[PDB]
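**Student:** Next come the chains, spelled out residue by residue.
2 protein chains.
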Amino acid sequence: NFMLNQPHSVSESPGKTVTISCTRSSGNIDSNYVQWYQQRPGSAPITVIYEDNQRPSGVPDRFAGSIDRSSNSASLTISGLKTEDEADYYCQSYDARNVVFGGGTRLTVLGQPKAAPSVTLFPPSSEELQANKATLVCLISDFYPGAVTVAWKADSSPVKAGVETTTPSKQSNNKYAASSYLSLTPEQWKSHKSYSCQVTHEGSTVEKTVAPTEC
Amino acid sequence: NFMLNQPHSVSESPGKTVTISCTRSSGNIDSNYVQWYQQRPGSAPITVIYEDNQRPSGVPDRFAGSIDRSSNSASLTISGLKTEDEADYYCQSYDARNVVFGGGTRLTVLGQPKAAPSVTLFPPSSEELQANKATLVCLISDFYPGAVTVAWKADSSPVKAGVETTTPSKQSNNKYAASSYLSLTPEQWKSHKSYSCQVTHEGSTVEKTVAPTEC
Ligand SMILES: CCN(CC)c1ccc2c(C)c(CCOC(=O)NCc3cccc(-c4cnc[nH]4)c3)c(=O)oc2c1
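Going down the list, the protein sequences come from chains A and B. Just so we're aligned: the first sequence equals residues 1 to 9, 11 to 27, 27A to 27B, 28 to 66, 66A to 66B, 67 to 106, 106A, 107 to 168, 170 to 200, 203 to 214 in the deposited numbering. Just so we're aligned: the second sequence equals residues 1 to 9, 11 to 27, 27A to 27B, 28 to 66, 66A to 66B, 67 to 106, 106A, 107 to 168, 170 to 200, 203 to 214 in the deposited numbering.
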């Protein structure tokens, strides 16, 4: 039960080349066969590569799979980008028994200029505390492409439980907005020195921190 | 070069049994293993059946796979149907020359109960005021069905500029979440006694109010 690690997102303009990596965690990449699946928004998945570099019939020559043994990774390289190439791409391999999927990479064929997110982190409101709630909100607006990943820290430990993040939506300025909220009890919020929201967009990561003591 | 044919959609009410078929166009259904995947929109898919009828751990035993050699099909049967089973389901098999997916079945669970939204209004953070911004966020969560309308007030008067509301998205609890944010200047925020966010859902309105606080 090993892991395959893919970038969360990639972008390029029409006619360019883009590459999506898939790094094996503990194992030997050439030990087992890697597949690549395309999923366009609102569509069924489609095999574009099997057995590391084989193209199914009807998949164009612009899709190419490869293996790097020294880096222990698989790559999908797409040349001559077209707007229809915009989709989620997932790598997949095998152990002695086990099937392992990568977490997926969103490929945007740029339809507008790139824009980095505005990120604002809010501490609990006085009113929700009296309701025994210490929900923190991380507002993420004015970004393009519409792909972000959010990670929360309690002090400096990753927080797993309590996190929700909305699907990015296009706003009146034609850029995306989303919010992530962490549903703390007041006891959990007071019991730490600070909490942090990390937002990754186009592989650039920003971090904001709030604390019970900040006046 | 065979195809797998599943219904586009199916609907059923809670506690009932639903069946999703997957018909192989050419060759025998039993010549290659069939997998079933569940996918909630915004999320990556999960494996619910492999090798025709094997369940990974963490998959409820309410999920069962089978083969019918005579109708040349595979079936996913979900018994004791629950709201969280609402999702897209894909079958998948092998061509030796390809990995083949069905077209996907969107399963609708009927008769989900109305749920009123939780509404939390956050005043500007100290850090954004120091960067000359006074954005308010109104976090709206746990509502069903997935539509609200938001109106903002400055003192008692309607706000007509600077409001954005995200498109509601279904969260892990199968209820919807959205944020409305009002992009104020520090001057606008301090020149009023309060701002209010008013959320309407299925005829009921909830109103929350925040005021500049003297730190
Ligand atoms: C769109 C492409 N696609 C096909 C529907 C994906 C795309 C991504 C995924 C991911 C990330 C997971 C979660 C991680 O799953 C795994 O690593 N393995 C799944 C699994 C678990 C147990 C048994 C099997 C299995 C399948 N055949 C034999 N054994 C597979 C997953 O389970 O399924 C995925 C399917």
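It cannot be assumed that every hint is accurate.
Treat identical chains as interchangeable: a pair holds within one or across any two.
What the hints assert, rightly or not - Here are the simulated DMTMM-like cross-link-like pairs (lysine to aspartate or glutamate), alpha carbons at most 25 Å apart as the crow flies: (1) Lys172 - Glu123; (2) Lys166 - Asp66A; (3) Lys110 - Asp151; (4) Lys207 - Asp60; (5) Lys190 - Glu13; (6) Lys172 - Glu13; (7) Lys17 - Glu199; (8) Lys172 - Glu124; (9) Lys166 - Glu124; (10) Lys187 - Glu199; (11) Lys110 - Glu206; (12) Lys149 - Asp92; (13) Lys207 - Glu81; (14) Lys110 - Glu124; (15) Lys156 - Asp82; (16) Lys17 - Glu184; (17) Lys207 - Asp85.
Hints listed in this document are in silico derivations from the structure and should not be mistaken for laboratory results.
**Student:** Each hint: holds or not?
**Tutor:** For each hint, the structure was consulted:
no.	hint	result
1	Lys172 - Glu123	between (32 Å within a copy, 23 Å between copies)
2	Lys166 - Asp66A	neither (35 Å within a copy, 39 Å between copies)
3	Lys110 - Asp151	neither (31 Å within a copy, 37 Å between copies)
4	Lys207 - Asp60	neither (44 Å within a copy, 42 Å between copies)
5	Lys190 - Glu13	neither (41 Å within a copy, 48 Å between copies)
6	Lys172 - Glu13	within (17 Å within a copy, 35 Å between copies)
7	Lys17 - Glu199	within (17 Å within a copy, 44 Å between copies)
8	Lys172 - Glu124	between (30 Å within a copy, 20 Å between copies)
9	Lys166 - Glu124	between (29 Å within a copy, 23 Å between copies)
10	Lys187 - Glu199	neither (34 Å within a copy, 36 Å between copies)
11	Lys110 - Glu206	within (19 Å within a copy, 36 Å between copies)
12	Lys149 - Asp92	neither (33 Å within a copy, 45 Å between copies)
13	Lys207 - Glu81	neither (31 Å within a copy, 33 Å between copies)
14	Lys110 - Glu124	between (36 Å within a copy, 23 Å between copies)
15	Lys156 - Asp82	between (33 Å within a copy, 23 Å between copies)
16	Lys17 - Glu184	neither (52 Å within a copy, 41 Å between copies)
17	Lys207 - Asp85	neither (28 Å within a copy, 35 Å between copies)
Hint compliance for this structure: hints 2, 3, 4, 5, 10, 12, 13, 16 and 17 are not met, and every other hint is.
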